[PDB]
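A.B. asks: Each chain is listed here by its residues.
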Amino acid sequence: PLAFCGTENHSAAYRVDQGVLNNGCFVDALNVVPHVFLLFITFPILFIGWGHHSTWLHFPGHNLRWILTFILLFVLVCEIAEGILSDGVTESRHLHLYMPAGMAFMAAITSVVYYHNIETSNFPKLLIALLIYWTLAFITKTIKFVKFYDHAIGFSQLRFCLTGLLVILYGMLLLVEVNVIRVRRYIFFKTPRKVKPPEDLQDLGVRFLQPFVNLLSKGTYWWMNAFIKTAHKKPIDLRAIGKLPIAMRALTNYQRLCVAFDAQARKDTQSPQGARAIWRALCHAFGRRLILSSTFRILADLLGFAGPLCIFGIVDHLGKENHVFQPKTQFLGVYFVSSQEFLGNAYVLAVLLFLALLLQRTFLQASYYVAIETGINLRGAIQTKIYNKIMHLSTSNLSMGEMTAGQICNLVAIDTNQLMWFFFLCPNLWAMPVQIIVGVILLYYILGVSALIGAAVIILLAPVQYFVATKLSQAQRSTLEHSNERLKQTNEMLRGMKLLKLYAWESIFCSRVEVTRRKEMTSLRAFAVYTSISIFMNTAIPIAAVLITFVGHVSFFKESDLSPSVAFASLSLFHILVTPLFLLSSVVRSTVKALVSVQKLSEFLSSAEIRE
Amino acid sequence: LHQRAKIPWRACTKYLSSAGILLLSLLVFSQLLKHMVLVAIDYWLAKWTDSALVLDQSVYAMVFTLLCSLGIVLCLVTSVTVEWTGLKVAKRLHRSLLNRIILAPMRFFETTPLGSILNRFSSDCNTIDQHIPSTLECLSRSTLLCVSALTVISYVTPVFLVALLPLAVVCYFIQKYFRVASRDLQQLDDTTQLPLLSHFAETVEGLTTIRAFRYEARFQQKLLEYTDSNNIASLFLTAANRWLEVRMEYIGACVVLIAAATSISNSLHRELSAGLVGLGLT
Amino acid sequence: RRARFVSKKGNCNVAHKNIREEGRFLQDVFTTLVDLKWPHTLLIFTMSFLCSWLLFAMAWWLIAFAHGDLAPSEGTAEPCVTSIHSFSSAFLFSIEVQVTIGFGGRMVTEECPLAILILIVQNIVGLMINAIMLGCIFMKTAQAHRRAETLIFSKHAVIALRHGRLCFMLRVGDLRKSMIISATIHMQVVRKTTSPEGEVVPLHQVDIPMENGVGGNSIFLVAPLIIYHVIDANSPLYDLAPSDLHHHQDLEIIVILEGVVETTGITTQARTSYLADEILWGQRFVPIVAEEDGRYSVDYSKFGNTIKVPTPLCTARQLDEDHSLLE
Amino acid sequence: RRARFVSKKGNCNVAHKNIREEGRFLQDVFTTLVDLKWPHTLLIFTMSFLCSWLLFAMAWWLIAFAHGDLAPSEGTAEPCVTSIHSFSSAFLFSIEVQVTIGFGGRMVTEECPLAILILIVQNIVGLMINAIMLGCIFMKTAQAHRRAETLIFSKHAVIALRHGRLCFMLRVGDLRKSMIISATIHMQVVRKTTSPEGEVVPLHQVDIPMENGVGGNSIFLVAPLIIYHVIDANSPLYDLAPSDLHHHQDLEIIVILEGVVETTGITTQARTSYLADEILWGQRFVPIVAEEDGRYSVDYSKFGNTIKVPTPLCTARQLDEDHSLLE
Ligand SMILES: COc1ccc(Cl)cc1C(=O)NCCc1ccc(S(=O)(=O)NC(=O)NC2CCCCC2)cc1
Ligand SMILES: Nc1ncnc2c1ncn2[C@@H]1O[C@H](COP(=O)(O)OP(=O)(O)OP(=O)(O)O)[C@@H](O)[C@H]1O
Ligand SMILES: Nc1ncnc2c1ncn2[C@@H]1O[C@H](COP(=O)(O)OP(=O)(O)OP(=O)(O)O)[C@@H](O)[C@H]1O
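Residue numbers (the authors' numbering), protein chains in the order written: chain Y, 2 to 52, 61 to 621; chain Z, 990 to 1044, 1060 to 1286; chain A, 31 to 357; chain D, 31 to 357.
This is chain Y alone, in the form it adopts within the complex:
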C-alpha cells in the first residue's frame, strides 16, 4: 500500500529515535500541516459564501500578493515535478516527495480564492487565517531548509533551491499580510481605518471594469464574460456600453497633458509648442504606462523562446538511446535530483513549456492592452487639445487659405489616429530588436553558422516588405485619385439622373463612368500585383530560409550532423522570428508617419490666436 516515507528496509524511514526534527519525512509531514489547516478553516467559509452588487475594493499589496502567489504556484509545480522525478528509481512510492507540494499547491489556490472573497466582502478580520497560514508555512519551510543545511544539502541539489525559494516566498507573503494589518488597522488598533471603494466603481453606468478587477481578471479579461454573454442575448448599444472611468477620460488625460506641457514650457521658452516639446510632453504624460507595456512585451519576448528551448530539450532527451535515468546524489536514503538532470527530463520540460506559454501569452496580451489603452487616452487628450486650440485661433488665417476646415478635419481624422497607432506599436520599437537579436543568438547556438545564413535571409524580409509596402501605398494613392474622379462622375450622373432619363442619356454617361472605371482598374491591377508580391514574400521567405539553412548545414558547411532536436528548435525559432520581421516595416512606417503627424500638429498649435 501507499506509505508516506515509503517501505524501505522494513519501514526504517519511520524510525524517529535519532531525533524527531532531523528525521526527513517528519519535517516533510510537518510541511503538510499548515496546508491541511488552511483547507480546514477556509473551505467552510468559502462554501458558505458560495451558497446583489458589492463594489469591491482592493487591499494594499493586492498586485504584489497576486504576483507572489503566481510565482509560488510555479515553484510548487517545480517541487511536484522534482519530487515525482526523484523517486523513479525506488520500488516503493515515496509520497512525501510530492504530496506535501501538491497540498501546498491546492492550499495556495485556496488562499488566493479566500483572499479574493475577503477582499470583495471587505471583512479584513478573516485575514487572520491567512496570517496564521503564512506563519505556519514559513516556520515549517524554515525547519526544512535548516535541517537540509545541517544535513549537507547544497545548491547542487534542486530541492534545496526550491525550498529556499519557498521560504523566501512564504516570508514575502507573510510580510504582505502584515502590511495589510499596518495600512488598514483591522486588528490591534482601537479604530480601523475605513476605506471606501473607488468613486468611479460605485457609478452605476461604468461598465469598463478593467482597472477595478483583480490582477488575474486583468490579465485574463474575465470581467468581459458577463458583457459578452449578455451581448449574445441582446445587441450592444450606447447604454450597454457604460461610461468611461475617471482614469481614462478626455478631460483627465487632457489635464495631464496640459500639466506636462506647462512643465515643458517652463524649461525651454524658444519654442514651447515645437515637435520636441510635444514629444517630451507626451513622454511626461504617458511614459510610465508605455514602459509598463514595454516591460510586459519584453518579458513575453524573452519567455517566448521557452518554446524552442523546451522543444530542443524534449527531442534531445527523446533522441537519447537507452536512456537510464538514475540520480547520483542520495541523502538520508532519499534521492535528490540535481538541477542539470532536472531540466533534462521531457515531462518537466513539457510542463514548464505549458506554464511558460501560459504566462508569456498573458504578458503579450497585457502589453497589447496597455499600449492600446494609452493610445486611446492620448487620442482623447490630443483631440481635446486640438479643439481647445480651435476655440482660440483667429479666423484671419482661415481666410488666408493656409488652413481650411478640411485640414483640421484630417488633422483629427488621420494625424491623431496615426499618433495613436504609433503609441499602439511603440513597445515594438525596442521589443523587435531584442527578440530578433536573442533569436539569432539562439539560432547560432542551437544550429550554427548555417542558422546565421538562414537568419540573414529571413531578416531580408523586412527591407523587401518595406519596399513592397511603399509601392503598394503609392499604387493605392493612384487608385484613390481615379476612384475620387469616378465617384464624382457617379454622383453627377445620379443627381442628374432625372434629366438623363428624360433625354435617354444613360449609356453615354455609362461609357464615361466605365472609362474612368477602366483606368482605375489599370491602377488597381498594379495595386493587386504588389499585394500578391507582399503575400508571396511573407509566406515564401521562411520556406527559403529553412531550405538554405538545413541544406547548407548538411552539404556546404558539413558541420555536426543534423538532429531532430536542433532542426525542430531552429524551425520553431524561425516560426517565432517571422512575425516581428514582417511587422517591423509597418512599425517603422508608423514611426515616420508619427513624426510627420506631430510636426503637423505642432504647426497647427503654433498658429495665430485671437487676443484676450
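In case anyone wonders, no lab produced these hints; they're calculated from the structure.
Accuracy of the hints is not assured; some may be wrong.
What the hints assert, rightly or not - Cross-link-like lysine-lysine pairs, in silico, DSS-like; alpha carbons within 27 Å at most:
no.: 1; chain 1: D; residue 1: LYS185; chain 2: A; residue 2: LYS47
no.: 2; chain 1: Y; residue 1: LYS609; chain 2: Y; residue 2: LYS276
no.: 3; chain 1: D; residue 1: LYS338; chain 2: D; residue 2: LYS38
no.: 4; chain 1: D; residue 1: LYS185; chain 2: A; residue 2: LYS222
no.: 5; chain 1: D; residue 1: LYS185; chain 2: A; residue 2: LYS185
no.: 6; chain 1: Y; residue 1: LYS242; chain 2: Z; residue 2: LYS1180
no.: 7; chain 1: Z; residue 1: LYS1180; chain 2: Z; residue 2: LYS1092
no.: 8; chain 1: Y; residue 1: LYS203; chain 2: D; residue 2: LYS185
no.: 9; chain 1: Y; residue 1: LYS238; chain 2: Y; residue 2: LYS134
Knowing the structure of chain Y, use the given hints to seat chains Z, A and D with the ligands on it.
C.D. replies: Below, chains Z, A and D with the ligands alone, put in the same frame as chain Y:
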C-alpha cells in the same frame, strides 16, 4: 437578433460564383495543394532527422530542396490567384451594379435616398476591390494552416483527438460569442467616430458665431462627450479582442501540453520517433 | 418591460446594486447557514465534519509518527494511541473519537500527554461543531417559508360597487387545516408619485386601509374570504377610471398577509401583487362556500371565478360628484 | 460634550449607576451565557466540560485507590474499573464515560457498587450539562442582533416641504433579500422638556407619528423607502426653526425599526439617532430606485444623497400663521 448573428452565406456564395468555375477551382486546388506541400516539407524534415539519428543523405537533401521549391512556387501561384480573383469579381460586380442602377425606374431614385445608392459605389465597392481579396486570402491561409496543424498533431498522436473534441467545442463557443460581440462593437466604434469629426467641421466653419454667443464651454463639453463615446467604444472593442486572444492562446497552451505529454509517452516506450514528436511540438 | 415590484408568488423583484459590504453579510453567518437551500446546507455540514475529521487525523498521525508508533517498534514502547499503523488508522481513530463511536481497537493510552491534550481539544470542538450544526438545522427545520406557499391569493382582483361605493376586492385562502394565528393583512399602492413641490419618488408605497368592522387589519382565515379596500374620498385609487386598467399603466397593488403558524409558533409572511391589467372592472367574486350535508364546504375550483356585474364605468370621484348632483 | 441618547449605529449610550443588584443579574444566568460574546461562550463551555471531567477523574482515581487498584497486584482481586493505573487513566476514563466514547480498555466492572453509583451520577450530569450548553448556544445561534446591523439608516435626516407642509424625512433600507416580517417604526423626540408647573425631565421622549396611509406604524421594506414625520399643529418639532439645527441644540430624534426575521422567526430591533446638526434643512433625498432592464434596481451608492431644495426658511408654526395671513 437571428439575422444579426447569421453569417452571410448567400453573399459569400454569390461573391465566389462571380469569379467563374475555372478560377475558383484553381484557387481551391492551389490552396489545398500548397498546404499539403508544406506538411510534406515538415514531415520530410522529421524523416530526414530520424535517418540522421540512426546513421542516402544527398537523396534526402535533394528531395527536401524539391519540396521547398515546390512550396515557394505554389505560394506564388496562390497569391497571384487570390489577387486575380479579387480583381475579376470587383470588375464584374461594379459593371453589373452600374448597369442595373441605370436601368432602374425614376420612382426608385425619387423614393430611395441618394446616400444609400452612392454609399455602395463609394464604400462597398472600395471594400470589395481592396479589402476582401486580402481578407479572403488571410482567412483561407489561416484556416488551412490550423486544419493542417491539427491534422499533423493528431497524426503523431491519435489520442489527441479525444482531447481535441472538448477543446473544439470550447473554441467554437468562444468564437461565436466573440463574433457577435465584436460585430456590435466595431459597428458602434465607427458610428461613434462619425459625429466627432462632424462636430470638428461644424465648429471650424462656424467659429465666429460660436464665440459670439459665448458658447465655447458648451461646445467643448459636447466634444468631450463625443470623444468619450468614441473612446469607450474603442476600449470595449479592444477588450473583446484581448478576451478572444487570451482564450485562444490558453487553448493553444492546453493543446501543446496534451500533444507534448502524449507524444513523449508514445516516444519513450511506444516506438514513436523523435522527429515526429518534434514535428507535433512545432 | 413593465417591471413589477413583487411577483404573483410573492417574490420581490428588486435588484440591489452598489452594496458596500463591510463583512455584514458573512458576520451573520448562521443566518446564511440556515438560509442555504437544503442540498447546500447538507454539503456544508458534511464538509465541516469531514474537514474536522481529516485535520485531527493529521494531528493523530503526526503524534504517532513523532512518538515512533509508525515504525516497527522493538516491542517495549507503549504507543500514544494503540494500533495506529498509517494515516488510515489515524483517520478511523479521529472518526471514532469525534463521533464517539469508540471501537477501542485504537485507543488513547497514558504515555504521551500531547495525545491527551489533542483528545480534549477534539472532543471540545466536536461537541462545539455538532452543536452549531444542530442549532442551525433546528432553525432550518422550523422555517415557515414553505407554509407561506400554501396561502393562495386570487390571480385577478376586482373593482365592484359594494353598498353604493367602489371597492377594490381580492380573495385570499388557506389550504391547510392549520390556523395562521393573528392573521394581519397590509395592502399598498406602489406607484411613482410626484409631489406638488416637484419631488418624484419611483416606488412610493401608500398603505391603503383594509375595510374592517373594527377599523384595523386582522382577519380570521379558515375559509377563503374576500379582502376588499373601500375607495373613499381619501384613497390612492380615488381617480382610478376603468380605462386605467391596462398593462402599461403605472399601478401596482401589493397585498401582504402576515401571521404566526399554529404549529411552529413562528411568524410567516405571504404576499402577492396586482398590476392594472390584473385588476378587473365590473366583476365580483362568485360565492365559494356552500352548506353541504351538515358542514360548510369550500369548493376551491371556483377560487378565482368572477361574474361580470353591471357597475358604473366611471371612477369613484365622479361617482361622488354625480351622486351629489343627483341628491 | 453633547451626550447623545443613542448613537448612529443604534448603541444606547446611557450609563446606569447605583444599581442595587440582589443577584438578579446572575439569577438570569442563561441570558448571560447566551449574551457572552462567542470566544467567551466557548471558553465557558470548554471550561465547564474540563471541570466536570477533572472532578469525576478525581472521583474515579479516589475509588481506584480506595479499592487498592493502584497498588500493583498479582491477580486475585478484580478492580472497580479495569486498567486504572494512575490519575491519567482516571482522566482518560472520565473523558470516555462523559463523552460516551467508551474505548473499553478501562471499563466499570461489577465489583464495587460505588463505581456504579459514580457512573450513574456522571452520566446524569454529563447529559445535563451537555443539554445546558446545547440549549444555550441554540439560543445564541438564533440571535438576530447581527441581522439588525444590515438595516441601514441615512446618516442625515432632512426637513423639506412636502404637499405644502413641513416633513422630517429619513431613509431606511435593507441590504439582504430576507424580509423583515411585520416591520414597524417608532420615532421619538428625545429632549429635556419643562412642564408649565415647573417639572423638568431630562430625557423626555415624545412618540411622533410616522405619516402613513392607515395612520399606523407599519412599513413594507424591500427597497429603501423614505420615512417621514409630518410636522402638523400638534408636533414636538412645530417650532423648529432652521437656526435650531446646530450641534449644541437640545434635540435628538431617535428612530426604532422593529420586526421579526423571515429566517429565524425572531424579533429584532434596529435603531439610530439624529441630532440637530445631523438634520438638514432645505434638502430632500435623491431618487434611489430606477427601472433597468425589466427590473426595479436600487443604487445604494446614492443612499444618503440629498439635493438642496428651495423651502421656506421658517418654522411650521410660522408657516401656518403666514398661510392664514395669505388665505
Ligand atoms: C497583433 O499585434 C501584433 C502582432 C505581432 C507583433 Cl510582432 C506586434 C504586434 C503589435 O504591435 N500589436 C500591438 C498593437 C495592437 C494593435 C491592434 C490590435 S487589434 O487587437 O488587432 N485591434 C484592436 O484592438 N483595435 C482597437 C479597436 C479600436 C481602435 C483601435 C484599437 C492589437 C494590438
Ligand atoms: N438603586 C436601585 N437599583 C435597582 N433597583 C432599584 C433601585 N432602587 C429601587 N429599585 C427597585 O425599585 C423597586 C422599588 O421602588 P423604589 O424606587 O420606591 O424603591 P424602594 O421602595 O426604596 O425599594 P425596596 O422596595 O426594595 O425597599 C424595587 O423593584 C427595587 O428593586
Ligand atoms: N452603498 C451602500 N451600501 C450599503 N450600505 C450603505 C451604502 N451607502 C450607505 N450605506 C449605509 O448607510 C449609512 C450611512 O448613511 P449614508 O447613506 O449617508 O452614507 P455615508 O454617510 O456615506 O456612510 P458612512 O457613514 O459609512 O461614511 C451606514 O449605515 C452605511 O453602512
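A.B. asks: Within 27 Å, alpha carbon to alpha carbon, are Y/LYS238 and Y/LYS134?
C.D. replies: Violated: Y/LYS238 and Y/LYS134 sit about 35 Å apart, past 27 Å.
A.B. asks: For the pair supplied as a hint, Y/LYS203 and D/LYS185, confirm whether the alpha-carbon distance does not exceed 27 Å.
C.D. replies: Holds. Y/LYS203 to D/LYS185 sits at ~16 Å (cutoff 27 Å).
A.B. asks: Under the criterion that the straight-line Cα-Cα distance not exceed 27 Å, is the pair D/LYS185, A/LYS47 satisfied?
C.D. replies: Roughly 19 Å between the alpha carbons, so the hint for D/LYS185 and A/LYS47 holds.
A.B. asks: Sort out whether A/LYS185 lies within 27 Å of D/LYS185, counting only the CA atoms.
C.D. replies: The hint is violated at about 41 Å.
A.B. asks: Taking only the CA atoms, is the gap from Y/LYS242 to Z/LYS1180 under or equal to 27 Å?
C.D. replies: holds, 12 Å
A.B. asks: Next pair to validate is D/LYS338 with D/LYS38; report whether the Cα-Cα distance is within 27 Å.
C.D. replies: Holds. D/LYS338 to D/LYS38 sits at ~23 Å (cutoff 27 Å).
A.B. asks: Check the hint pairing D/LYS185 with A/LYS222 against an upper bound of 27 Å on the C-alpha distance.
C.D. replies: holds, 25 Å
A.B. asks: Hey, Z/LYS1180 versus Z/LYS1092, does the alpha-carbon distance stay inside 27 Å?
C.D. replies: violated, 32 Å
A.B. asks: Hint check: Y/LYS609 vs Y/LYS276, CA-CA at most 27 Å. Holds or violated?
C.D. replies: With a Cα-Cα distance of about 23 Å, the restraint between Y/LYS609 and Y/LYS276 holds, given a limit of 27 Å.
Violated hints for the displayed structure, listed by number in ascending order: 5, 7, 9.
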